[PDB]
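Starting from the structure of chain A, add chain B with the ligands where the hints point.
2 protein chains.
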Amino acid sequence: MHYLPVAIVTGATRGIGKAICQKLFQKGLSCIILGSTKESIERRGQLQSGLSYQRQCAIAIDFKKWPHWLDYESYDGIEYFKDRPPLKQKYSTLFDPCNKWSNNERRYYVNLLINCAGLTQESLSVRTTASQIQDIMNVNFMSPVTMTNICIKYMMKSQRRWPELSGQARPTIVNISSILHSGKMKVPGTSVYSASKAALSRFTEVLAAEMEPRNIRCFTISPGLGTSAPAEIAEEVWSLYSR
Amino acid sequence: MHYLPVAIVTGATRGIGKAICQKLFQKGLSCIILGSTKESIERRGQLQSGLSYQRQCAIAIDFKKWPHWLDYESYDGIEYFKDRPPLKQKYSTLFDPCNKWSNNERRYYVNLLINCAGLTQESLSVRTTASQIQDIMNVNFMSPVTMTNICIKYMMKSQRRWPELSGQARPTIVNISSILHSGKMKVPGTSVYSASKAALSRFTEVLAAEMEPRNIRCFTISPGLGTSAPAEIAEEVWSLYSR
Ligand SMILES: NC(=O)c1ccc[n+]([C@@H]2O[C@H](COP(=O)([O-])OP(=O)(O)OC[C@H]3O[C@@H](n4cnc5c(N)ncnc54)[C@H](OP(=O)(O)O)[C@@H]3O)[C@@H](O)[C@H]2O)c1
Ligand SMILES: NC(=O)c1ccc[n+]([C@@H]2O[C@H](COP(=O)([O-])OP(=O)(O)OC[C@H]3O[C@@H](n4cnc5c(N)ncnc54)[C@H](OP(=O)(O)O)[C@@H]3O)[C@@H](O)[C@H]2O)c1
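Going line by line, the protein sequences match chains A and B.
Number 204 in our numbering belongs to position 180 of the first sequence; there are no gaps in the numbering.
Number 130 in our numbering belongs to position 106 of the second sequence; there are no gaps in the numbering.
In isolation and in its complexed conformation, chain A is listed as follows:
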């Protein structure tokens, strides 16, 4: 029996999340990509350059609709292939792609979660409405907290269901913050955005202490706007996961 690790990467349609996905794919991981909408995830040489057992799909979840998205009966998604066109389909859960990909000889399992989704603010605090604050916090913080908790539960359940997974990299959560989370860079129009990323960073730090005796790794990375290359962050992610 072959165990094939999978990464879930939120905000993977562009920016840092996309770069992380590209890195994980080159390193042989199967990937579950998240974007905000059907249209967004609809968006060849990458797939061709991949290994035979390697799989990739994308799932649309609008994180603004937290906590309601937790309760959806199914999610819209698209599967990608080496030598055939993309297939639009429904997934019952986040982890359903793993069940579809698996058979008697190959067990696909989520071993890595990357929270990279982000919604910018671009309004002065006093101009920011309740629904806008709600949107920013739902995407940046509440949704990744939920993502983290459901993935950890799944990761714990997976080790019980598949004893040989003790022989593998440890289950890992990486949360991507922002340079705007702390320090001297205080940009007008980013008060709640900066707060949301400070929350995500701190949550992960405390979560790491709860998770250490459970052998689950929890890391946070704070990229620049000074500035950081998506490719460099992706390398840092891989380094932390493979260390």
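Keep in mind that the hints are not guaranteed to be accurate.
Treat identical chains as interchangeable: a pair holds within one or across any two.
Unchecked claim - In silico DSS-like links for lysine-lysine, alpha-carbon gap of 30 angstroms or less:
1) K208 to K177
2) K210 to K181
3) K112 to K124
4) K112 to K89
5) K177 to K210
6) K124 to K88
7) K62 to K114
8) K177 to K88
Worth flagging that the hints you see were computed from the coordinates, not collected in a lab.
Chain B with the ligands alone, transformed into the frame defined by chain A:
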């Protein structure tokens, strides 16, 4: 015409908020105390020791019900007096006590907001449900953000309505964070609580940059569980406001 400054203090029924209220009252400010419920705000020598024009009331707002509480038609409150029993009554807004207290010769106006309300977590992240995350964030972060924004708007409007208020301490926001917001103290069962306070702190720092050219002061203070005396924090608050 006499202008009498008022402080709004959330989480003023106990702990640090209560200590801050006691300090502000001894310093001659009128106070609007917030607690979570009717029963809570219902809870003599303090009032007697106060000045003749000095007023105090308490208002119940359950911050868990964010953003719905913004839309309530009225709020339950209680007014306190030197030489008569407490009077239960309805307030149409946060700033309605100021309108009730004011007359032709005395203008009560809010000049200071202290966000001190806090809801603890006491559950491991993986055991924390969506509704519990929502409760923690609503009380600790979303509600104080809304409080800050509505008070700033009121403060700006007040200076337009009462030109002589240019002659007074500048309008001030103080947000009380926690030592659990950053650094080495990472307590299991506090992941979202710690995150919420990190958010509040960062929000205030960025807000301060937006507010500097508007001559509105925004401060944050991070008390200990190592540890800090409520009285010392109250002194720090007064020091920042009167500096
Ligand atoms: N005003 C600010 O707050 C601000 C200002 C200046 C600079 N910056 C710095 O530079 C950063 C760049 O941000 P960016 O927009 O370019 O981010 P990005 O990382 O390039 O893209 C955001 C990702 O998050 C996902 N996402 C957005 N909304 C979502 C939703 N409702 N549900 C699920 N996923 C969602 C996106 O998916 P889709 O593709 O589906 O949308 C996308 O993959 C800023 O965020 C900040 O670090 C921030
Ligand atoms: N698990 C944790 O998260 C944790 C653990 C250990 C230590 N600590 C450290 O020590 C601190 C002590 O906290 P505490 O409970 O003693 O806080 P507190 O400051 O003594 O009291 C909380 C204040 O917030 C108000 N508040 C609570 N819920 C509210 C709601 N829904 N709406 C409006 N206002 C509300 C309260 O009003 P009412 O009186 O109406 O309730 C009260 O005035 C901790 O919070 C933390 O800094 C935290």
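Going through the hints against the structure:
1. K208 to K177: Classified as between: cross-chain Cα gap 26 angstroms, same-chain 37 angstroms, threshold 30 angstroms.
2. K210 to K181: Answer is between; shortest inter-copy Cα gap is 26 angstroms, intra-copy 42 angstroms.
3. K112 to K124: within (14 angstroms within a copy, 62 angstroms between copies)
4. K112 to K89: within (22 angstroms within a copy, 39 angstroms between copies)
5. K177 to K210: For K177 and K210, only the inter-copy Cα distance (21 angstroms) is at most 30 angstroms; the intra-copy one is 36 angstroms.
6. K124 to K88: For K124 and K88, the Cα distance is within 30 angstroms only inside one copy (27 angstroms; across copies 40 angstroms).
7. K62 to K114: within (11 angstroms within a copy, 48 angstroms between copies)
8. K177 to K88: both (23 angstroms within a copy, 26 angstroms between copies)
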